[PDB]
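What follows is a structure written as C-alpha cells; I'll ask about it next.
With one protein chain withheld, the remaining protein chains of the complex are depicted in position.
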C-alpha cells in the first residue's frame, strides 16, 4: 500500500550540527575530568560568535575558548572565504557554574539505583528494514553525508566546504522498500567548481557508492545541489543553535519523539540518557526474533525513579501477545534513571560523535550494542 | 490491549517558551510594517540577557530592544528575586538587515504560484479524540496550564510566578478514552506560600476545572510539584532557547514530527508553513467523516515547487480505500510552497499567540478552520 | 634647557582607534537624520565581535549592522589573514534607546543660549611651534601615520595592513626644537615582505617625506617595525575599546587633559563640545599676536550653564598681563554649553574624521578655523 516517505540528515557543518558539536565537546572534557558533572550546553552560533552558554558542575575545569575553537577547526571552517574561520571568530561564554556538592540539587538521590530523575517522554524504536536496526530513510540520509565527511577531509574532492544538507525518499509499497524516489544532496563547494563537474563529482564519489543500485530505478531523481551555488556556508549568512536539529538525530521523521533535546546533557538529564535505554531495549528486542518492528515509550515526571509509563507497541508485528512483550522487557532491563546510567556504563567519554552522524546507528554505542537480545528468545520460547 | 501516554507542556513562563515568544514577537512586529519580508530570528535568553539574533530582509524598521523588553514585560517578570526582571534584562541585536535584492539564497519562479523554498519534511495529525481535532493529552496538558495565566491576570490566586511545566498521563484503550493515570503541575510559587498550602488551592482551582472531571479515578496520581520549592525559576538556571519545545508546541508526543522551526520564521519558510497547512489538511480530512485519525506528511526539496513526498496514513479507520483521497488532496490543496501562503491567508501578524500554547490547538488561526471539508465528501465519489 | 619629550599617535587600525570610528560613525547618521540626538557610543572590539553599545535618542533611525560593518571595510580589515574581516565578524549591538521628547532629560534647558550642560574639566592649548598650532611631537606623530593611511590605501605599498603605531621624540633645548631623537614607527605588513625591504620601504615612502630633514640629525634613531614581524593586527589577538586612546587625540602628552572621553558623544555632552571651544579660543588667541603659547581651562559641574571656572595661563609668554588675557576672552566667546554649540555651527555631520587622525589639526574644523583672532590684537592694542 503505496507510500513515499522522506528524510533529511544534515552533516556536521549546517550550523545546528555545529552547535551540537561545541555543546557535547564542552561536555566531554568537563566529563573526562569529572563524569559526575551535571552540564548542559546551549551553544548559539551565527556569523562571528559561537556563544557557548548553559550551566555546569564538576570537579573538572575545562578550558572553553579552545574547546569551542577547536571543534570548529575539526569540522573545517578555516579561512574567511567559507564563512567563519575557527580562529578570528569570538567565542564568548556564559557558563553558569554552581559548586560541586551533593545535597540540594535539582532532585535528591540516595540509595544508588533507585529514587531519581526528571520530566520528559522518551520513545525508542528499531526495526528490521535495515542491516542494523534504523528506518531505511534516515540511514540513507545519514550515511550519505557521512561519505561527504569522508570525501572532503581525506582529500578526495578538494572542494566540499562541509555544510551539507542531504534528503532522501523511499517508495514504500509494503514492509519492504520496493523503490527510492529522489536523492537531494546539496553540498557547499569552492569557486573552483563549475557546477557540471560537481553534478558529476557528487554522483561518483558521494552518492553512487552508498546508494544500493538494486533499489535505484530509472525513476529516481538526483537533485544534487539545486540552488545555484553554495560558497558561503556554515553560519556566515544564517543562524544556528543547539540541537533543534532534533529529528535527523533520531529516526528522521519515523520516531514518535516525545519533546527532546539530545546533545550536551550529561546523563542525569533523562531526556537523553533514559531515551538511549529506550533504544537499547527496542533493538535488543528486534534482532533477537520477538517481532518484525519494535517501539517503546518510557516516561518520567520529576523525582520518582519509579517511572510513570511503559507504552510498548508493535504495529501488527508481535511474536507473543503485545502484553507479554512488555512483561519480558520490564523484568529484563530497568529504566529508573540512575539505573540506566549503570546498564551500559555511560559516564566515561563517548560524546563528540553522538552530535554529528547518528545518535544511534554506528555499532559502537553502549545503547547500540545489542547483547541481552538472544536472552529474549528463551522466555518467548526458544524464539 | 490498552496504553498509557504522556504529554508535557510549559507555560509562557518556561525559558524556552519565553524566548520563542519574543522571536515570534519580532517576527510579528516586522510584519506590521509589511508582510512580504523573509525574516527568521532566534533568541537566546538567560539570566541577565536576551539576544535577539537573526536575518531579516525588510523595509520595516522595528526596534527589537523595545520588542524584547515589553514582551518579557508581558510575561510578568518584574521584582528580580522572581528570576530576572524585564527592566535590567540586557538585549542584544544580531539581526542582519539585508534590503530587497542581493542575498545569498533567493532564486525563484515566474508567476507567484510556481516558487520554491529551502528543503525538509513536515507532518500534521488530526483526531476527534476530544473536541477539536487535537489528540487531547497535549491539549489537556496545555489547557491545564493555559489556566496559570488566567489566574495571574485575573487576580485570584496571586503568588504564581510565570513558570509552569506539566504532564498529563492518560491511559488509553484501543478506541476512544479510558481514565487518567497521573497529572502534575510545576508552577514556581511565591516565597510566601507554605508547601502543603499551595497544593490545595492549586488542586481545587488550577488543575480540576480545566482537566475534565468525568475521568477521575481513585488512583489518578496527582503530582503538584514534587520539588515544591520551584521559586528561582523563570529564565534562570535552565537557559532560554528559541524554538526547541517543538513537540509540546505540536502534537502531544502523538506527532510524527519533522526536524524544525516552528517559531521565529515568516510564512515563506516552509519549515513552519508546510506544517501549519498539514493541519489544514488533517483537521479537514477528519472533519468531513472520511477517516478518524489522519497524519499527512509533506516534504519539499529546495529549488522545487512540486513537493517530493506526501502521505496520509489512516491508523485504520479510512472511509475511502486510499489512493483515491490522496488524489483528492492533490486535487484541492495546492501543496506547492507559495500556494500555501495564498491558501492559508498567512501573510498577517497573527503570530505571537502561536508561541504560547499549541500552534494548532485553539479554534482561531486559519490552520484549524473547516473550510474545504464538505467539498471532499461529494468529491471522493459524490456522498 | 635640555629636554626630549615624546609622543605616540596610533593610526586608524590599532583597535582603540577602530572603536572611535564605529562610535562616531553610528553617531553621524544618527545625527544626519536628527542632529538634536543625544548619543554616546561605547564600542568594544576584539577578535570576532564589534559590540556597539551605549544609549541614543533621535527622530532618526540608523541601521547599525552595516554602519559598524562598513567602517571596518573602510579602514580595511577584509580577509581573515589580517585578523578580523569586516564581514564574518559579528556586530552585536546593545544600544539603549530612550524616546525623543524634551522635558525630563539629564538636565532641563529652557531659554536657548543659557542654563545647561554637565560635569567635566576641559583644557585647551595651542602654541606657535608648528605651522598650525599643535605641539611639535603629536604633529609629527599624527602626520606620520597619516601618510601611512595615504600609502596603504592608494596603492603605493600593497602591503601595509593598517594597524600602525607611531612614536616620535623632540630634543627640546629651548622654545624651539633644535633636534628630534628617535622615530618609532611599527607598521603591519603582508607575509610578502622580508623585513630589510620594509626597513627600506618605510624610510622612503612613509618617514622621509614627512620628517623635515633640517631637524633630522645623524643622531636620530629610526626604529621602524622592531618586534620581529607584524601580520595579525587589529583585534585578532588583542582587545580594543572606545577612545581610551585619549592622549594621542589631544596633544600627545602636552595637554593638561581634565578627564575626557572624546568620540561618540553628541555635543550636549560637554566633555567634548565644550572642550573644542577651549581650542577655538586658545588658537584664535595665539596666531593673532597676544602670546607665544596659550592654554585655557574651562570647567563645569552639572546644570549651571554659568561655567564654574576659566583658568587661563600662559607660562611666561603674555602680551598684556595674564589677567587682561582672561578679560578679553570672556567678553569675546561664551562657553556656556548650548552656547558653544552655536558659535561654530556644530550639529551637522562633521564626525567620522574626528576619531582617526587629529581631533584638531586639519584646518577644516569649526573649532580649528581661526577667525575671531585678528579681532584680539585690537583690544590688546593693535597687537
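All chains are identified by letter, namely A, B and C, in their written order; residue positions are counted from 1 within each chain.
Everything below uses one rule, namely that a contact is a pair of C-beta atoms (placed from the backbone, for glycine too) under 8 Å apart; a residue touches a chain by one contact, two chains touch by 3 or more.
Under the definition given at the start, what are the shown partners of the omitted chain?
Even though it is not drawn, that chain still touches A, B, C.
Just name the one of B:7, B:23 or B:47 that touches the chain not displayed here.
Of all options in B:7, B:23 or B:47, contact with the hidden chain holds for B:47.
Can you work out which residue in A:27, A:92 or A:373 touches the chain that's missing from view?
Spelled out, the listed residue whose C-beta touches the missing chain is A:92.
For the full complex, which residue in C:100, C:253 or C:366 touches the chain that was left out?
Among C:100, C:253 or C:366, only C:253 touches the chain that is not shown.
Pick out the residues on chain C that sit against the missing chain.
For chain C, the residues touching the absent chain are 1-8, 40, 42, 44, 46-47, 49, 51, 53-55, 94, 96, 106-107, 119-121, 123, 165, 167, 169, 181-182, 184, 186, 223, 226-228, 231-232, 236-239, 241-242, 244-248, 252-254, 256-261, 297, 299, 301-304, 308-311, 313, 322-323.
Kindly note down the residues of chain B that lie in touch with the hidden chain.
Chain B touches the chain not shown through residues 46-49, 79-80, 83-85, 87-91, 236.
List the chain A residues touching the unshown chain?
Touching the missing chain: residues 61, 63-66, 90-97.
Throughout what follows, only the chains that are shown with their structure count from here on.
Could you state the distance in Å from the CA-based centre of chain A to that of chain C?
Between these chains, centre-to-centre, one finds 56 Å.
At what distance in angstrom does the C-alpha mean of chain B lie from that of chain A?
About 24 Å separates the centre of chain A from that of chain B.
I need the residues of chain C touching at least two other chains; which ones are they?
Residues 90-92 of chain C each touch two or more of the other chains.
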